[PDB]
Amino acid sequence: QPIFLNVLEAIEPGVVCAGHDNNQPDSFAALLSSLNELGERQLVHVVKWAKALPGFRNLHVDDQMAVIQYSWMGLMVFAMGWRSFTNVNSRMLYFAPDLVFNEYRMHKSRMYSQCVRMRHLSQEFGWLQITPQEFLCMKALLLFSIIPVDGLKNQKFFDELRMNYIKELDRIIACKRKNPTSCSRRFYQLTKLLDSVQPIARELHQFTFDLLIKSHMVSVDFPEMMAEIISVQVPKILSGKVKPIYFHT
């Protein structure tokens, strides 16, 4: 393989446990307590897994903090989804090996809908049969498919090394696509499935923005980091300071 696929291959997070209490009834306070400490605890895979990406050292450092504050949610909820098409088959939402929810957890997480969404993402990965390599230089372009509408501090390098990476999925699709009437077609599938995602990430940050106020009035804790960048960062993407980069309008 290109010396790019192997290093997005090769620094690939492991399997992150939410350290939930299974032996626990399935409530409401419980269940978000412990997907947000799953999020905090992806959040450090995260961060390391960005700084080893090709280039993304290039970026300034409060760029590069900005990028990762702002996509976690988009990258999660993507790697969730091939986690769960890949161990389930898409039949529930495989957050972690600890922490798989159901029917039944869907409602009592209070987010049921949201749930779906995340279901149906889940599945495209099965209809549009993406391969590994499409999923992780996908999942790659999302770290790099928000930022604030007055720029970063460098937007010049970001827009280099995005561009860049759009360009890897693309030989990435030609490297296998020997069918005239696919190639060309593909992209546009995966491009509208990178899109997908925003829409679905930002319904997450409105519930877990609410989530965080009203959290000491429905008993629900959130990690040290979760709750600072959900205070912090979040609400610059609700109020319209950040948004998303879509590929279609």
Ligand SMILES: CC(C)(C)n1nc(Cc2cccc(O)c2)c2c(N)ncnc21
The other form holds:
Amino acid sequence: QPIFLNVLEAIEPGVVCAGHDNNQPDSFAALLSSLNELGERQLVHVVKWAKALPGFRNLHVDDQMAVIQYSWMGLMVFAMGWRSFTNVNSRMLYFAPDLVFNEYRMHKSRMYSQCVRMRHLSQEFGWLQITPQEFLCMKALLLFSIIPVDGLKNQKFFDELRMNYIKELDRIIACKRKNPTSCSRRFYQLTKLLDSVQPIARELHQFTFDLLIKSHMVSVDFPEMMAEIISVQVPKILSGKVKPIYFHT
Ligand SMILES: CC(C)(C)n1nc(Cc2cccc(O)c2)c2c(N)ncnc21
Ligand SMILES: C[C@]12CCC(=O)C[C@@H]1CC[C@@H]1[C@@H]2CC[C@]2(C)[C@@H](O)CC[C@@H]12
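Alt. form solved in complex with the named molecule, vs. the form deposited without the named molecule above:
After this comes the whole thing, all chains and molecules, with the earlier chain placed first.
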């Protein structure tokens, strides 16, 4: 209740494994290769999930693939933080059931700092007392939070679509909340949270980019679709062509 919420919960992707071999020692090459595999795998669900979103088919076919290729990073990270929260209380990064990052692994991955921000983000879900309804609505809104500076194929359908999801976030906050002060307060809290995701995804973008460039030397494997999206789409973000949409300055 209402119809919007039923869809989000029903289309919510299921558990996904990275197929990591926890029988081998934690090496940079191994860990990163598994993450990319998880990325490729998680990419398949994100696409199916996206197309199953209410009104997603209102966007031009090109912008549909576009928004996905630009925000797939923010979506996966945001979802991961939630899992980590609803699994190990944010104690560790729960990327996948067969790929959990502890203090040690965070270091071995050569991206300790970035993992800290992710864990921090994961702790936000708890401190702010985020609910499943709010989580689902915020995650969907992340798909519509990054586009090229010059706009999309048909920007009108996107603005209207993005606006409607923001409206849903209101009805969610409004519903079951008898107070006009905590309402705006809540919107402020969440909108702030959604913004914190962008800076994090930005560092992961640059990190994955560099890794790809020097992937053969550090012996890190990049799946087909991962290698193309990171070498064709990501570059547009790090070049200033595609920038995220912030609520606050
Ligand atoms: C190949 C497939 C279907 C998994 N796919 N689809 C898309 C997006 C898309 C494009 C056109 C029509 C669609 O239904 C979906 C995509 C992407 N952006 N990056 C990598 N793989 C993608
Ligand atoms: C999105 C993924 C994989 C899906 C997920 O649960 C979040 C996690 C965040 C770090 C990403 C990883 C995919 C592979 C990347 C992009 C590595 O190349 C460097 C950062 C990794």
